[PDB]
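Participant: Here is how the chains run, residue by residue.
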Amino acid sequence: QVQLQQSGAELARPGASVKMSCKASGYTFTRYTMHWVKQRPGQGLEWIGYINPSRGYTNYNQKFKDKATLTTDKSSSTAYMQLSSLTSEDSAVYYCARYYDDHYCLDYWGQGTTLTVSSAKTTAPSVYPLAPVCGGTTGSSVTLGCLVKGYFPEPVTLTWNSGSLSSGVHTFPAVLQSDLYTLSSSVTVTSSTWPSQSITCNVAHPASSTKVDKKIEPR
Amino acid sequence: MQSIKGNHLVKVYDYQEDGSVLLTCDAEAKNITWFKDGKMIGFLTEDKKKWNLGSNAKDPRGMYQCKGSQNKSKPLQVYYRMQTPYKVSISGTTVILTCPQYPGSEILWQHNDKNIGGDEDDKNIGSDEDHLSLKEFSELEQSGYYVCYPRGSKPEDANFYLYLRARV
Amino acid sequence: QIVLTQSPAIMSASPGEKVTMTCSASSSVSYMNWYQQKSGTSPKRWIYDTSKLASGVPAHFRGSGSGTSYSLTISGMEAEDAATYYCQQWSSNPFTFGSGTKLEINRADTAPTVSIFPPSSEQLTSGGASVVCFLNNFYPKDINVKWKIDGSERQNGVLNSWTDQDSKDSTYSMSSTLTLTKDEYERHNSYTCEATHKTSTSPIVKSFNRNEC
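So the protein sequences, as listed, match chains U, Y and H. Note that this note's numbering has the first sequence beginning at 1, numbered continuously upward. Note that this note's numbering has the second sequence beginning at 1, numbered continuously upward. Note that this note's numbering has the third sequence beginning at 1, numbered continuously upward.
Honestly, I wouldn't trust all of these hints.
Said to hold, decoys possible - Partial list, derived from the structure: chain H residues whose beta carbon lies under 8 Å from chain U: (1) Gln123; (2) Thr125; (3) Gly127; (4) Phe134.
Said to hold, decoys possible - Over 12 Å on every C-beta distance to chain U, these chain Y residues come out as not near it, computed from the model: (5) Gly6; (6) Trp34; (7) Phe43; (8) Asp121; (9) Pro150.
Hints were generated in silico from the structure; no laboratory data involved. For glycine and all other residues, C-beta sits at the position ideal for the given N, C-alpha and C.
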């Protein structure tokens, strides 16, 4: 029942600073040290350091000294990590994790917080429905798609029929070409399910407070 | 403390009728060789195997280690008061222990296999860097094995444990 | 300070095989941990204190080692064992991770199902035109997509994106988008997506002529 809830994705400009959080529950907060780990895109794991919530004792990986600052708030059972003098090298996913001494390991991990360090403006995505080529084949199943293009920064959340439709779904990793991201998703269902029932693509980009639902209509 | 793993083969025999301090060696039963502060102090050829340090009244102290057919065991620093060692200081009724190796990393402590000096909820047990403070020291309750180790490491990998016995 | 060298860096095993990955420490350490990470999620404690399996971890996993040499073994590779494994130590400060071993699950070759999608009516209104092609559920990962406008190959303005091995069938899927200006799109008629995969010598062709039905 141990849970570590990290704060949402963040976009910060070079030279600035950011403070992310990790709210713990399910265990005695002050009894265990909290660690932070960094993982750059397509890279491995890197240890930043840790803090002992008891009296605030901290230790850091030499490479992160003065870059990262760990603090905790007992009354709210939340650990914090501030990253200063940001550069593009700091863009990555940051995890918070409990170190359980008896097992000599980080047994529980937060879901992670993605940090994007860039000067680029926030750009709302364009969402386009992808219906099959105009025609009337009698295939037993059909493949529909959804194109989310020209947005920044990551991430976006894409689902079908509010998440009810999950199997037969493939959402491809976004790709960066210019200060703009583009991503696509495909869903395959039986021919009797569509156009009979409605299939809608739900896209969200909080960074630009955009919420779009694109229903796929036959061409 | 209770375990010998990590080569901590020397233990204090906790079951004497008279105030004598006996040391035991947990090694292959054959011929036990005892040492004190590096020098050989005895060679037990079969028969007996425990080493007598005399009455606890003469404050026996020192780095003791044994050896059977293999290599020497890690030392057991004995300190009675009725390689850099643990420093022990007594002031009135307060007993202070200082960790031998304090590379600036977070030092943790254990007394008879139980963590201590961690919770601030104890007014009589404080941990300040490489120093463990025990106020109103209880002879029968707080005497025993002590060890300091850095967060992340196993206590058993310590160079040696401290056996503390003090009347205050 | 302590460097943990993992080998092999990348590997793939057929179901049922015995998989062995190693971690070599630059200096002796009293224990080694292993974390499992699957695409898009946080690392998970897998093996701790060298050989203890975390609760929920399949019993056919085994950790072992001592001193400077440790290993993780999978006796009977299963699809769900595919992932990246990182070793970690903290017998000496600072706490460090190995660079990881990426493990893929092998399976029989299967051809991709290809679908081509013309620009949406909405994007055309925006002065843009993207032609999308989905290559779904194929194996191995190696595959090539060629785009052709009026029969000639177009290589520029293409964006390719692959997914990681599927958690159900262990296949790969690919998305390829050809982006043109609206003006360009309207000056041509034939649009084709050609997929080449080892599962066949002749390409899988899907296409359409704009505005025809």
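Participant: Work down the list of hints and note, for each, if the structure agrees.
Facilitator: Right, here's what the structure says about each hint:
no. : hint   : verdict
1   : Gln123 : holds, 5 Å
2   : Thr125 : violated, 10 Å
3   : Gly127 : violated, 11 Å
4   : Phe134 : holds, 5 Å
5   : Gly6   : holds, 14 Å
6   : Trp34  : holds, 34 Å
7   : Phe43  : holds, 39 Å
8   : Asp121 : violated, 10 Å
9   : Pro150 : violated, 10 Å
Hints 2, 3, 8 and 9 from the list above are not met by this structure, while the remaining hints are.
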